[PDB]
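Here's the structure, in C-alpha cells; my notes come after.
Note that this is a trimmed complex: some chains were dropped, and none of the rest were shifted.
Chain lettering (A, B, C and D) follows the sequence in which the chains are written, and residue indices restart at 1 in each chain.
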Amino acid sequence: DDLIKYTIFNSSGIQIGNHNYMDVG
Amino acid sequence: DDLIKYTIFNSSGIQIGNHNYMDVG
Amino acid sequence: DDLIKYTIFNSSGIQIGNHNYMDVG
Amino acid sequence: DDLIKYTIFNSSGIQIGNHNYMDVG
C-alpha cells in the first residue's frame, strides 16, 4: 500500500545511488 | 493495491540503482 | 507503508549519493 | 514507515553527498 511512490512533474530525472550522474542541456 | 506507483510528466526516466547514468540533450 | 516517498513539483531531481552531479541550464 | 520522505515544492534540487554540485539558472 504505497510502499514506494515517486511523483514528479516538470522535473529532471532523479538519480539515487552512487556513481550516478545526469547532464541536462 | 498501488504497492508501487510511478508518476512522471515532462521528465526523464528515474534511475534507481548504482552505476546508472543518462545523458539528456 | 510509505516506506519511500518522493514528491516534487517544478523542481530539479534530487541527487542523493556520492560523486553525483547534475548540470541544469 | 516514512523512513525516507522528501517533499519539496517550487525549489531547487537538494544535493546530499560529497563532490555534488548543481547550477540553477
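Keep in mind that, in the parts below, contacts are C-beta pairs under 8 Å (C-beta built on N, C-alpha and C of every residue); 3 or more make two chains touch, one makes a residue touch a chain.
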Oligomeric copy total, full assembly; chains in place: 4: 5
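Definition applied: only the chains that are shown with their structure count from here on.
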Inter-centroid spacing, chain C versus chain A (mean Cα positions, whole Å): 5
Chain centre separation (chain B, chain D; CA means) in Å: 15
Overlap residues in chain A, where contacts from two or more other chains coincide: 1-25
Chain A-touching residues of chain C, taken from the complex the two chains share: 1-25
